[PDB]
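What follows is the residue order along each chain.
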Amino acid sequence: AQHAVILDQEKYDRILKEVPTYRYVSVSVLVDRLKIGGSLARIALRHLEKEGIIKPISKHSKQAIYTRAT
Amino acid sequence: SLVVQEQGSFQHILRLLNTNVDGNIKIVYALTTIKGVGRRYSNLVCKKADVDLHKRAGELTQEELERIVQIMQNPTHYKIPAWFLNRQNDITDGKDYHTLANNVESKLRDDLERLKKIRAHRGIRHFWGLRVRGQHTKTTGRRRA
Amino acid sequence: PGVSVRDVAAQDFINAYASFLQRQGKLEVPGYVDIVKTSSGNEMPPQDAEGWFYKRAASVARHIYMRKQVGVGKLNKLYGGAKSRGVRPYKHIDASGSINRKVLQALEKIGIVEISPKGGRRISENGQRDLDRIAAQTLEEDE
Amino acid sequence: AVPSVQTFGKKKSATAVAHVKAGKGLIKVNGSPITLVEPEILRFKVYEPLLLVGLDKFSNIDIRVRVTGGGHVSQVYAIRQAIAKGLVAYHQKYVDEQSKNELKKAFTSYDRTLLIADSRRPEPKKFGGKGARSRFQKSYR
Amino acid sequence: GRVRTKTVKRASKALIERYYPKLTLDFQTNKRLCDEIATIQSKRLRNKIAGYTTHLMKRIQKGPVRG
Amino acid sequence: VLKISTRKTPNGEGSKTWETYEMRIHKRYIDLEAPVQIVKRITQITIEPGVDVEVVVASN
Amino acid sequence: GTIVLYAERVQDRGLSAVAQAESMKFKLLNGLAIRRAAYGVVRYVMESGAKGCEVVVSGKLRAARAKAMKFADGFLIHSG
Amino acid sequence: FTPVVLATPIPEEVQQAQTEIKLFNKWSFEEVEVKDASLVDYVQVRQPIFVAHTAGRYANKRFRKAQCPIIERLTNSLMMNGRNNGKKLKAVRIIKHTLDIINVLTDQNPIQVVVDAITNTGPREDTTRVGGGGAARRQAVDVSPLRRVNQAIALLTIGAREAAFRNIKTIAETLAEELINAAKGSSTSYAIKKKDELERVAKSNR
Amino acid sequence: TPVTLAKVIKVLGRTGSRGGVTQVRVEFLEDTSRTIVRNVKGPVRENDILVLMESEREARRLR
Amino acid sequence: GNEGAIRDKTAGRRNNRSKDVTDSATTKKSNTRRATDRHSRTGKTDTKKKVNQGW
RNA sequence: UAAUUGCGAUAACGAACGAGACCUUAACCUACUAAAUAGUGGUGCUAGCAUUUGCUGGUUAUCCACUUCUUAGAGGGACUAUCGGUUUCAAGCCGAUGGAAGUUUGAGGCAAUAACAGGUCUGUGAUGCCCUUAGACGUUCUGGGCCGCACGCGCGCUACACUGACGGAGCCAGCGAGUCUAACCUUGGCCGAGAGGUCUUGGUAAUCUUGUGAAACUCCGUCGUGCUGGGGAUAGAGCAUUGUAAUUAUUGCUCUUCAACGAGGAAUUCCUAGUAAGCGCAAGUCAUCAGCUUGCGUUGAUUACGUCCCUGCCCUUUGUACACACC
Ligand SMILES: [Mg+2]
Ligand SMILES: [Mg+2]
Ligand SMILES: [Mg+2]
Ligand SMILES: [Mg+2]
Ligand SMILES: [Mg+2]
Ligand SMILES: [Mg+2]
Ligand SMILES: [Mg+2]
Ligand SMILES: [Mg+2]
Ligand SMILES: [Mg+2]
Ligand SMILES: [Mg+2]
Ligand SMILES: [Mg+2]
Ligand SMILES: [Mg+2]
Ligand SMILES: [Mg+2]
Ligand SMILES: [Mg+2]
Ligand SMILES: [Mg+2]
Ligand SMILES: [Mg+2]
Ligand SMILES: [Mg+2]
Ligand SMILES: [Mg+2]
Ligand SMILES: [Mg+2]
Ligand SMILES: [Mg+2]
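Protein chains in written order, with the UniProt record's numbering: chain A, 36 to 105; chain B, 2 to 146; chain C, 2 to 144; chain D, 3 to 143; chain E, 2 to 68; chain F, 62 to 121; chain G, 82 to 161; chain H, 20 to 225; chain I, 5 to 67; chain J, 56 to 110.
Among these hints, one or two may not hold up.
[Claimed, not checked] With a cut-off of at most 25 Å between alpha-carbon atoms, the simulated BS3-like pairs for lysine-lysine come out as follows:
hint, chain 1, residue 1, chain 2, residue 2
1, C, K92, H, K109
2, I, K11, H, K222
3, H, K107, A, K97
4, D, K132, H, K107
5, G, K141, J, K103
6, F, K69, D, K140
7, D, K140, D, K26
8, C, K84, H, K222
Read the hints as simulated data drawn from the structure, not as lab findings.
Please model the entire structure based on the sequences and the hints provided.
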């Protein structure tokens, strides 16, 4: 209920410009930045991988992990 | 799956079946706050209605929603089995029903009363506030009323 | 070099075989799919909705390949899981003989398995053929 | 008849039988390659022998194993024991002693009981508790 | 506590008493001795015995032992 | 091994001591090819109170 | 015809517990002093060349409250 | 590294870092040193391991429990609170994940970070309920290095587990997080607080 | 803060009515030739290293 | 009969729940005698002749 | 020392019961005897993939050979061995090396003299005496009851979730048990969403069920901290199974209904290594019913290796007017 279950355009744009300086990104980490609940947060983790920013260094279920692109 | 977008198209919360339903929840489960629709029933119905379950209650075209209600209150027509239903073989007209929403309350009454009104021990026992399904009543259930 | 299915890890294979039976169109998928539950020791139907009958068949196929002969009864016991009897201690429970026996007929009528002597079902000669094929396809994405 | 040996590995009830003949360096378990095995987190547990003692070593031999009994972990420790015990069996009858005794040394130093079977085992439970040591509950009065 | 009972120490005493030449600082032959030279009904007891008539023997060679 | 696991007590009082008798059944089979004479000879004799002897025939 | 019985005296009754229980029973049933009875039994078992022997008599004899005696002689072990 | 292959093949980075160095999931055991005297001996590191799983008879003798590789002593102590008794595989994976996390942040051998957080939460001294007559005071005591390691491993995981309870962040993160703030103590961590507040009361009664 | 390192040079026994505590004589490594006896909390063998958080003060009996 | 049962007030849960629970409920073991175990109540007694005849 | 287990001291010397020995089970034998009711390699017969030999399977006997694994006979093995610390340099204890194994090797079985108004006359066609004996307290037949519900106590089961629930997918045990004058264990084929049904079938069993493909667990997804998809009480309606009989609901299945419980006050239980705890299985019971028990294996820790503070008990010493022995 307490917000983060959709996409509000400003949110999408927020997600592109707010993920540098993130030495760590994951499911938890994304919810932590006052946005996206674990579900649509998980989708971001695939679609930030669409191209750029996130490097897949850890595998699977529960635990995700990425770092800023190089 | 896919990063989606939409405009102002989705409205949060949406009333149907004389009750209220939260949008920002995956629609399958959203519908379960209606009395008489467990997860299973919800599942089969939306599958029947040709609706994407990856969606929330939030999206879901008004037409999609209309179709969803339709099947619910007529399950035998839209090819849902019979053993899937909360009231097979009535006890008067013998039809098979899926009693929904504000009505399942009505029917719990009808039956309970039918028992009492018939003086059946089950009923007597219901009226006394005790457990009926033949459990030991010595140690368990103390808080209760 | 040459290849088996034993040369491929479980998941990559069965998903590759699921993808294949799906891509195909030839199958025989009962009809009570999506409305059925796969075992009494379960709570909700499968989440793959459209599909998973492939997932199982492919799972079925590989298993009967791995050995001499298995029946419907064996797959039930295989595929089953834990049933919470709510407040009462879990016990193992068998799964549905329908899902399997229909998968067995579906893979048989498609000629990937045959009614073996001794009993049950045994991997068809042409099953070998097509299994070891897509198995080799699975390592070809890894090349 | 080419040069070959047979060995085993036991952890708990698991017993892992290995046939080490001479060939082109295969290492398959039950029927699949050693690069599968999964458990996976414990994959390196059974890679372990080959890495401890130089990947080469295996080029003149074929290796197979087939575990029965035990459990999803009991078997992982079993099969590795059989692998390394076999590698040392083979150098005992065929290669020379000092190569064999140089292999025992690399395994024993590191070790996780690769040559030597773990003695541990379930203790019988006795009446009055769900466990062996575990006793039920009492209340006095 | 691996404290050897009397019968083990009792018998060791007697064996050293009357068969000192024959015997050694070696259990393994002390063992084989006990077979030929003594009647015992169990393997364990013979070993448990021989091991001690050994030890007793091993510290006679450097000082006497009372008894 | 045939276990039988019982409370020692005829009744119910006392800490719940349990006790398990057991009976050990040992079975051998020895395959022989002989004519009729030796069979009957070797079977009537070799008798033993406590050993149960069973002589069959055939290949089916 | 398929079943056949033979009687057979036994080499020394004096070393069969069960032979000697049934003796006492018959000693006391035939009205004999209690000590006399057992002390005879023990003294015959011994003479039959046993290493040792023990006779317990539990129950109630002429008085109201129960008692129990032990009559042993020679050598017995009790464990293992 | 002179690549070698036979019949059933052994993977590149597998062939690679294996025969060369003898390192962790894939992390360095060399370097990695215990910046506090003592605690060495009572912190393993070398001999090196592949993963933290080991049928190690570490309990049949008093002190030999010390010879267990510290990383695995850290996992071992994750698999508790009843529901997770046993379940080593559960833990092992968390630890893999954890070290990856720790490494992401601030570099450093995560296995070396683990060293630091342990070294940095062991109470140099504590107290114990001596009698002294009914109304018991609290005698200060300098506590063992072994206890200091143990108490550290317990303290670390626990306050992580507790924080990890009832929220989105996973065990592996809170674990990492607890370690990261403890590798160089920051008093924003569960352990450093308790460490310091154990030495607080220890000091306060001598 | 003055940190003081001392090496256990003998194990003397357990005190504390409970008995979780052990009496031990140590030798500090930063200038040896002087000894003080301290009271442990955890298990201790010979040749261990205690962090004497305050260098000079010792106990004896514990109840 | 059953008609009696349902109609009869002074019955069912609602009623009992509104009643105060007797204190004999939360009692003790009651015990009664044990301290007298070794003191024979028969009041009779054996007699040193009769035991000597028997034993 | 676990031990009246020993050393030692010594008006005692030297012995026996009990402890130990002993026995049983779990550990070790590329040594011995063997096995189509156990399994391995070779060979044919043969399938799939590669082809350059190869790789992975089928084939209760198409043949040859073997005993590593399995089985159980007979042996062997360990004696706290070697070495060193410690100690009246005594019995011992501690550490290192070796070792299948070095905590009584782990775990059990057996277990002296004595005590109790412990429990059991409701296990006994064991039994004294008392009671009853035909309108019976004998016995049997019909039906109810032991389950009855304001509440107090105890053993348990399931939970309060994200080391998780769910849905796919991986796929791994050991101790057992099974039908003759009978209907036990059940593979396989169909039918059914399920529970189940129906046709056959192997097994009196290392031969068949059964590799008991058990569960935690492992993997890829869904949900995302919200009494939520945690939790599943209570209840409605339907279907089946056991049984002569299921109502006060034997059990099993499906739909719906969706409680309390957000880690639990004072208190208090159990436990030291394959142990604790998590996890399922077989056997007992059993027509039908395990939230019980007896065993079993699977995953597998944290913390002591100490003390006399609490509690319990043993031992001295000491008092006794008790000895039916402080009831
Ligand atoms: Mg509903
Ligand atoms: Mg499953
Ligand atoms: Mg399963
Ligand atoms: Mg004796
Ligand atoms: Mg004994
Ligand atoms: Mg559970
Ligand atoms: Mg053999
Ligand atoms: Mg060693
Ligand atoms: Mg009494
Ligand atoms: Mg009786
Ligand atoms: Mg009752
Ligand atoms: Mg009890
Ligand atoms: Mg699951
Ligand atoms: Mg139907
Ligand atoms: Mg038949
Ligand atoms: Mg809920
Ligand atoms: Mg649930
Ligand atoms: Mg049963
Ligand atoms: Mg019972
Ligand atoms: Mg006196």
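Run the structure past the numbered hints and jot down the numbers of the failing ones, going up.
7, 8
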